[PDB]
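2 protein chains.
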Amino acid sequence: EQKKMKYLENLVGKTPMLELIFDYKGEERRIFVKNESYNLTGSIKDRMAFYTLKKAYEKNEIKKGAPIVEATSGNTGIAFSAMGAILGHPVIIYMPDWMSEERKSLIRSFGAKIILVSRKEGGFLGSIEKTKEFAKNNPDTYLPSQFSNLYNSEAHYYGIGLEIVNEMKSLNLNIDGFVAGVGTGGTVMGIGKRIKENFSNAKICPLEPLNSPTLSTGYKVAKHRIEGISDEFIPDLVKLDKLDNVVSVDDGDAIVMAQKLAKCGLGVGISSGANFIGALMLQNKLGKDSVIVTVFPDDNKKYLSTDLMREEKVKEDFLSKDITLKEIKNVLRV
Amino acid sequence: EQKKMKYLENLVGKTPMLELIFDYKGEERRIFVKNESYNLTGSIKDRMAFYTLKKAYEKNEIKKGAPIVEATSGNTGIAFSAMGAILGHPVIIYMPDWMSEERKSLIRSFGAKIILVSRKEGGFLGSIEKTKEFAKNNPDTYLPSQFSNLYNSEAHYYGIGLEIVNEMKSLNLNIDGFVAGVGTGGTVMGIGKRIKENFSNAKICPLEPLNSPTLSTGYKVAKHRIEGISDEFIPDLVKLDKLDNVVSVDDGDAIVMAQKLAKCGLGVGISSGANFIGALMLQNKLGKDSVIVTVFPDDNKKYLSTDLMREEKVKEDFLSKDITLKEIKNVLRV
Ligand SMILES: *Cc1c(COP(=O)(O)O)cnc(C)c1O
Ligand SMILES: *Cc1c(COP(=O)(O)O)cnc(C)c1O
Ligand SMILES: [Cl-]
Ligand SMILES: [Cl-]
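Residue numbers (the authors' numbering), protein chains in the order written: chain A, 2 to 335; chain A', 2 to 335. A prime marks a further copy of an entry chain.
Do not rely on the hints blindly, as some may be mistaken.
[Said to hold, decoys possible] Only pairs whose alpha carbons sit at most 16 Å apart, straight line, appear in this in silico EDC-like list of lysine to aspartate or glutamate:
{"id": "1", "chain 1": "A'", "residue 1": "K15", "chain 2": "A", "residue 2": "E10"}
{"id": "2", "chain 1": "A", "residue 1": "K197", "chain 2": "A", "residue 2": "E134"}
{"id": "3", "chain 1": "A", "residue 1": "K4", "chain 2": "A'", "residue 2": "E198"}
{"id": "4", "chain 1": "A'", "residue 1": "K65", "chain 2": "A'", "residue 2": "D141"}
{"id": "5", "chain 1": "A'", "residue 1": "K4", "chain 2": "A'", "residue 2": "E59"}
{"id": "6", "chain 1": "A", "residue 1": "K5", "chain 2": "A'", "residue 2": "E20"}
{"id": "7", "chain 1": "A'", "residue 1": "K4", "chain 2": "A", "residue 2": "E20"}
FYI, nobody ran anything at the bench for these hints, they're computed from the structure.
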């Protein structure tokens, strides 16, 4: 069983680190990005689901057969569904009734059971509250509580974090900076802890959609298209008085940016375009030659009837418009 | 440039090998499968596109900027689109006008240009013939000719083949057998060459849909749902008088089988369910305890409005019905 937990680490992590070179009005810059599609269900939330349940078993927090229950329509639902099944747990996912058939289908394909929450019945906030309710009534239940559970960010401190840190040292470079958009805060907290232990002067910045500057303002919640991040509150996991300044990207700018990365061979999700632009924002402010790291949480295959496959009206302040990708200068993997 | 070609090998291969244990009426059996979603565009045809173009540059068969042109709606289109862009070539894909918006979108997302071929204008056969025509008129053109190009199967002899062979020796096991469904024949020929060099008594069997026993009959072409394999002719690449007997799986049986693998945590495409069942057919005939290897070419995310997300009428001869997946007993990766 520690044999099982040991070998299954092999279905996650160890993803490519790419050096991307581009032209930014028009001087040549570069970003380093980890590509997280190279995982069991194609996102970074595989590293997190696996770890959450490995540690959970280690501390008797979950028993064989217990129901795993969470609120998402995104990769967390997917990651937990597939590892739940691998480890033999039932999985229940709670989500807003308005999710697309596309999403529901995927989560469902892994055995997980779908309970839709009306508008009304609380909506997204509803679904979170409905998970807690289920667990009061089924005490058996294991809740990942993805927005507050420390096991999430630890996942990234021990996993993608170590990886990032080493891949960069291996090019004899320091990390001057890291940016990641925040859904749960796990990535930016976990990786950011790890980067700071090795690169004491780096800047760890959390990313928010400029359309919904929840993190930078403390209250504002608005419609945005960057899936995976910036839900309608500040997750407990994320700790702003301990991070550097917040970066903010228009969802339009991001979409476009992800359009361009695909066009140069990297099919990614909208969040990945946001990170990229964020990473350049952070570069603009630390120095044209700083090393900036970010992540590409998933690939484009799920986003195929989203604004990602449509012309975006460009706007004056977008950075995407000034950016031209030249090449992939390097790929590491270890 | 041999620096570039060298580092980009890092965006493909080195995928997990899983030992799957299951119950087959009801005695316990096992299959080993390589999981090929863990690649740049999520399929096995990444290994092949990369290799085809690496060797092509090595032999001056393609020049910077030349247009890469091929006929597919599947992973080959996708793989070639994304590596073409990475390496700066234009890509044109020819496909039947009736392809779904879903497919077109994906191929397009990577920069590749879409020419649809009527029914009429030859259909699928049309599209192949239309690629040749384009290249008569644009002599510049690089054709992958995926159904006849030896560089395809070599890809798998040097790549997934080596990997398979070593991963199995590392468990102190011989390969008694391998099965792979045949679209181009690259997988089964390339891997099969490699397996035979190390496991001289293994059986290398090509897989066909029972609904369309083109390979076993020499002529029959019929409607089937297993995407990626058994188009409407026998590809030149595949060489039947040099392989073992053909296995044949109902597309319904396959679909179901892929339903079940997802439900146990492995989201796969229909072809992957076909391979699995094939692998068991081959096991039934060599001995309940033979080691059989097969491949899971891609994941389920593309197949999301296909018969994969619908109840299949079960039938007497299906093996899926008698199969119960217990667990993933092991995962290797090196
Ligand atoms: C979860 C997610 C994010 C954000 O990661 P957190 O660690 O949850 O902040 C970004 N993009 C996508 C696609 C995600 O699923
Ligand atoms: C191409 C493909 C196959 C068959 O592989 P060949 O080497 O072309 O025979 C099987 N499944 C899928 C999804 C494929 O794209
Ligand atoms: Cl700062
Ligand atoms: Cl035989």
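Query raised in the report: Which of the numbered hints above does this structure break?
Result: 2, 3
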